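Heads up, the chain below is alone and in the form solved in complex with the partner chain; it's given as structure tokens.
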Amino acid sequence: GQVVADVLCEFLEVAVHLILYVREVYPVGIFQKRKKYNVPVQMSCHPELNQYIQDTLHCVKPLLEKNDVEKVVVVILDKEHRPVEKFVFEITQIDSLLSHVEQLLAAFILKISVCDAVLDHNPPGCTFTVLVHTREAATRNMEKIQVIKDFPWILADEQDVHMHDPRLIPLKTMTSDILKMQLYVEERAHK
């Protein structure tokens, strides 16, 4: 069921672009709307930013193939390179309705699109990064993820990760034969 990796990587790329739209990491003047999941989405048209997102999900896809990823996380960092909010895609993995699962992903997009309602404003000058939490610490994980030259990965320190006393804002959970995933946000207690 490595279709899941192909489906998830498509979805995560779309969800990362939308997350940076909705949280204002980047100017409105680089987004353009496009249709995924027969819901609209708002994707970047900046090449360097698009390359960073595609480079990242190119390296993750094979860890997804073996169900070796517990979480893919989009981290909003503050100007001090400190996490301020985290969008966590928590992942658990033939009556096969692959066609119906892709459309269950639309509800993620609509929840993401309206999530500034239920979240505090971020400090100005935020950037982001991507964390991949593996199910187990395995040599094979890092062998698979270092395939793009000029795009190496490292093991994150507690600084790349740690938020004191965060709040948890659940957004959407799905429960299928082939894809068990939920999206929740962790926001920093304060600014």
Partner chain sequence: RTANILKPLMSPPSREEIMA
Given for the second form:
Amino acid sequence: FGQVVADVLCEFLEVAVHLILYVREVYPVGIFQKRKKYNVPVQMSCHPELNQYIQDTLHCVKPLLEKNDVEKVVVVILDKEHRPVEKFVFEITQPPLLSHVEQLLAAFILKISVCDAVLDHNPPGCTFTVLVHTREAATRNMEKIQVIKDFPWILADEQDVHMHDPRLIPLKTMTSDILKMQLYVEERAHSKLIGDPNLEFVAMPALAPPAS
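For comparison with the form solved in complex with the partner chain, would you give the structure of this protein in the form deposited without the partner chain?
Here we give the lone chain, stripped of any partners or molecules.
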């Protein structure tokens, strides 16, 4: 059911987000402590403000996952000019065994650990943001994600979302009885009609993460 996969996914997304920040050098290696999750070595941040920022973000995603209202969670890497330079897209599906999915989840971690060998180096001084693509028909009502008053979300703009002539690097795909998920990276090369079924609700936290 929705609450079981919500717990599992948010636990996993926190780990994966921490790791992405490490391997893409968004924060210095010196803030990261090695740990083990799903029997794989991971890097977790010890920066309490960064950690709270990631937990607040995922605390707003979690009730959306519980209602099966999440299509994508995306970590965007922005260069110091605030242009997206990399996107880590977690495409999530909950169709209508845990130790099996933890082994399946572990595979995502392993592929993130090697993406720095295929992704080209990021310019210095990148920051990150998170995008959430929801599932239900798109309207301007944000109330379902505004679950923390002091952690506001704002609707994303085309510039926030759509990468410029992107190189596509899939990392990992899983299929399970209760969860299907695809992780891929978009790397920068370096009609708007109301009835359009491609219309999307996409939101990002208004607050920026702690500077590095």
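Rigid core: the largest C-alpha set superposing within 1.5 Å between the two forms. Positions refer to the first chain, counted from 1.
Core-based superposition between the two forms leaves all of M142, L131, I30, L49 but one with CA shifts under 2 Å; the exception is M142.
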